[PDB]
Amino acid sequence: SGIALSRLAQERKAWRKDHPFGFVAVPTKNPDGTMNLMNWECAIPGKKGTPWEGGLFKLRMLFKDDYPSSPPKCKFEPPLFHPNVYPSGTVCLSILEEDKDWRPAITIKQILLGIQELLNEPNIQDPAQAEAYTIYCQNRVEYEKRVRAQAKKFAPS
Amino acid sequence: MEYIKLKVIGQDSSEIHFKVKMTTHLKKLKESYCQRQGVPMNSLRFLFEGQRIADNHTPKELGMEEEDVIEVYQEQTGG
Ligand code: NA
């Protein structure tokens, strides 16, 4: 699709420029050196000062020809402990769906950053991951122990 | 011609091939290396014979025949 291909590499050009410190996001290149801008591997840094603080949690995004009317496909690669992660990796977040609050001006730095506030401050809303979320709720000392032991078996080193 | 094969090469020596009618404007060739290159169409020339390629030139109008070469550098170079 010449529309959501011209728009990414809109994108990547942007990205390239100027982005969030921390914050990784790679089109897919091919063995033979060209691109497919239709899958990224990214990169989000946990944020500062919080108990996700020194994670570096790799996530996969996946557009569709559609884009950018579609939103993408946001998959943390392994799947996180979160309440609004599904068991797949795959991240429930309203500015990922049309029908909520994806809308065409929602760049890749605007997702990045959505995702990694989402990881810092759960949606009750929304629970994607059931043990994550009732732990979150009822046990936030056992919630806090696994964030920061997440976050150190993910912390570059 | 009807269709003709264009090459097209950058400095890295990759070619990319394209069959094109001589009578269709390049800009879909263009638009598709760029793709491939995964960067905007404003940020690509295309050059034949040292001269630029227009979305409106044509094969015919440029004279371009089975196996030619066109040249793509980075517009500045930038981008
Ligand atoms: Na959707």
Given for the second form:
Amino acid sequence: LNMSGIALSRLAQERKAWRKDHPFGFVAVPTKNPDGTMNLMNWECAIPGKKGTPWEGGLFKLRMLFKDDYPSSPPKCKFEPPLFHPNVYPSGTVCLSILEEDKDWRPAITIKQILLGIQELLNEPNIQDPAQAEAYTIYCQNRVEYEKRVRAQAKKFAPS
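With the form deposited with the partner chain bound done, generate the form deposited without the partner chain in the same format.
A lone chain is what you will see next.
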């Protein structure tokens, strides 16, 4: 077997587990190849904002990019479009400890965990590693304003 084999076998297993059971409102489906076949290395996901939070109502689109060395390596997660959030790079790339090899990544981590992890990050930013100057500054300087912009954002991404 090659690196990808390992990755693919795991991803396939991830898929099954997801379809079998997953948090309500969440979405996680592999993309299609130009030929209609599933591309397990690229997943289009959606994270709903948590009720009771300023994120409530929004459905945030995220892309999950897996490398050949997965699960040795974590997937690259990016919001599309990029979100206003202290831990999200302007590119849309999420900054989360579990998504960094040298940090908290563990091969055992599931898509489900990732997703839920991102969801919690949304409402609970990590002041320790700012990824977006703007959002970070506001977050610290004026939460009301921060909350105000977050809500607008949520509205902007509300389904219809």
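Here, rigid core means the biggest group of C-alpha atoms that superpose within 1.5 Å across both forms. Residue numbers count along the first chain shown, from 1.
- Core-superposed comparison between the two forms: CA of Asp32 displaced by 2 Å or more.
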